[PDB]
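Peer 1: Please build the complex by placing chain L on the supplied structure of chain H, with the hints as guidance.
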Amino acid sequence: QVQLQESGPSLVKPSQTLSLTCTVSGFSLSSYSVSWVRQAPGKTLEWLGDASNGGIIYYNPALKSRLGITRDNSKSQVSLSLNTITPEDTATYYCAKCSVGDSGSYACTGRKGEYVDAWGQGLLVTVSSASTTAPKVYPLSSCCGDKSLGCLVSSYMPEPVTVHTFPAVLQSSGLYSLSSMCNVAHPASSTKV
Amino acid sequence: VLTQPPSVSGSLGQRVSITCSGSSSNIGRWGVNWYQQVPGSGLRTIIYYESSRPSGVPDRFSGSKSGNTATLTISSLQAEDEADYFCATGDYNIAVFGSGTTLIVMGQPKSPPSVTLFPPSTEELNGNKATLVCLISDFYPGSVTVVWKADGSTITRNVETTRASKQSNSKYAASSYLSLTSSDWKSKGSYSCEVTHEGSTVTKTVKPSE
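One line per chain: the protein sequences are H and L, in this order.
When the letters of the first sequence are read in order and numbered with the authors' numbering, they come out as residues 1 to 148, 154 to 168, 180 to 197, 212 to 223.
When the letters of the second sequence are read in order and numbered with the authors' numbering, they come out as residues 3 to 212.
Don't take every hint at face value.
Said to hold, decoys possible - One side only, chain H facing chain L, incomplete, derived with CB under 7 Å:
#1 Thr44
#2 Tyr106
#3 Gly110
#4 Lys112
#5 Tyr115
#6 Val116
#7 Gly122
#8 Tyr138
#9 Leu140
#10 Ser142
#11 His180
#12 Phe182
#13 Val185
#14 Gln187
#15 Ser195
To be verified - The calculated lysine to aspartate or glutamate pairs, modelled on EDC-like cross-linking and capped at a C-alpha distance of 16 Å, are:
#16 L:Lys173 <-> L:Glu82
#17 H:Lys112 <-> L:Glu52
#18 H:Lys43 <-> L:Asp86
#19 H:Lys136 <-> L:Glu125
#20 H:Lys136 <-> L:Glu126
Just so you know, the hints here were simulated from the structure itself, not pulled from any lab data.
Using N, Cα and C, we set each Cβ at its ideal position, and we do this for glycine too.
Bound conformation, chain H alone:
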């Protein structure tokens, strides 16, 4: 099968450089263009750039002064760097496989037979000064008398965490916390429970 994996730091400090790599498999970059797009929280999609099977790099001109994209067919990797970042660059970053080596338009659109036939899973990158914090987890039971279990993954940074699990909440402490209806996994902190 075809697979696209986004990799890179998911927590970058403002003014620093945001860099990501898309490693592909199941197909050759000499055959198909690859696009980078991002989706800011609760917002729509924004195009970053394309990298055709001929090595041609197309950029979003609104971001060209901060954007760099490189393509290495030998390693089956397409990379992006975005410098001078601010919290407006907090987003889920997607790479995507085009059905053709180069589409008539951008982000794999235009003519007949041209579409994104495989999307990456996306990597949420948070632009913030907060420190990477592994969560303190506890069990949650109601042992106080009744006439009749959940997890307490609290105070972590950044999102996401993986475990009926609930979406996290942003407390005034600047950290996240959620619970579930236990195995929790915070990829940014490298910790497992």
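Peer 2: Positioned in the frame of chain H, the structure of chain L alone reads:
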């Protein structure tokens, strides 16, 4: 940016459609693609150029174009179609996307919110801090309101509540937290998580005696 309606609603089985309005330099010049995005998940291409379907995409989904507007139609709405939809094409030197449409499945019956309110733990009070977790599950629609009480008195000090979510049963869920100190939980005699739902309160309370 291409303009899409912020939301489209329909009941199960109905015919619903989503439009995407551009100009002669994008939708008027190029084919139009559509992406499906289930809340919390990634993206999937469902329609491309005019009405082409990638493998695995059922024929209930179709597309058409008239002038500078592209329309995505679901001929018979199903529950797994509740998601966001984005149109995509290109302009002169850039790629352009629609603003997005949330497809809402309406006509559902109501369900009561399950509330398993939990006290903190001995490790939390030894580090002097109390985290009351009020989990809410299975209700429709998603517009509940949670008011915390301390021996029957309003609380807005350190209250954060996730808004209406959506798991996988066409209902809504939410969680609420009370991040107070050790003495603050040991001071009062009973705290309660009062959840309102269309004029129905489902209060639960554990007191520090256990």
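Peer 1: Please go over all the hints and tell whether each is borne out by the structure.
Peer 2: Here is how each hint holds up against the structure:
1. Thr44: With a closest approach of 5 Å, the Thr44 (chain H) hint holds.
2. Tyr106: With Cβ-Cβ at 4 Å, under 7 Å, it holds.
3. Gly110: This hint holds: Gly110 (chain H) lies near chain L, its Cβ roughly 5 Å from the closest one there, short of 7 Å.
4. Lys112: Status holds, d = 5 Å.
5. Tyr115: 4 Å, holds
6. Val116: Holds: closest Cβ of chain L sits about 5 Å from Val116 (chain H), inside 7 Å.
7. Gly122: 5 Å, holds
8. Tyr138: 5 Å, holds
9. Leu140: Because about 4 Å separates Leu140 (chain H) from the closest Cβ in chain L, which is inside the 7 Å limit, the hint holds.
10. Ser142: OK, holds: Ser142 (chain H) within 7 Å of chain L, min 6 Å.
11. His180: Status holds, d = 6 Å.
12. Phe182: 4 Å, holds
13. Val185: Constraint on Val185 (chain H) satisfied, holds at 5 Å.
14. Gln187: 5 Å, holds
15. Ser195: Holds, about 6 Å.
16. L:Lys173 <-> L:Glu82: 13 Å, holds
17. H:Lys112 <-> L:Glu52: 8 Å, holds
18. H:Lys43 <-> L:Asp86: With a Cα-Cα distance of about 11 Å, the restraint between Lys43 (chain H) and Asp86 (chain L) holds, given a limit of 16 Å.
19. H:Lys136 <-> L:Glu125: Holds - the C-alpha atoms of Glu125 (chain L) and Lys136 (chain H) are around 10 Å apart, at most 16 Å.
20. H:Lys136 <-> L:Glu126: 10 Å, holds
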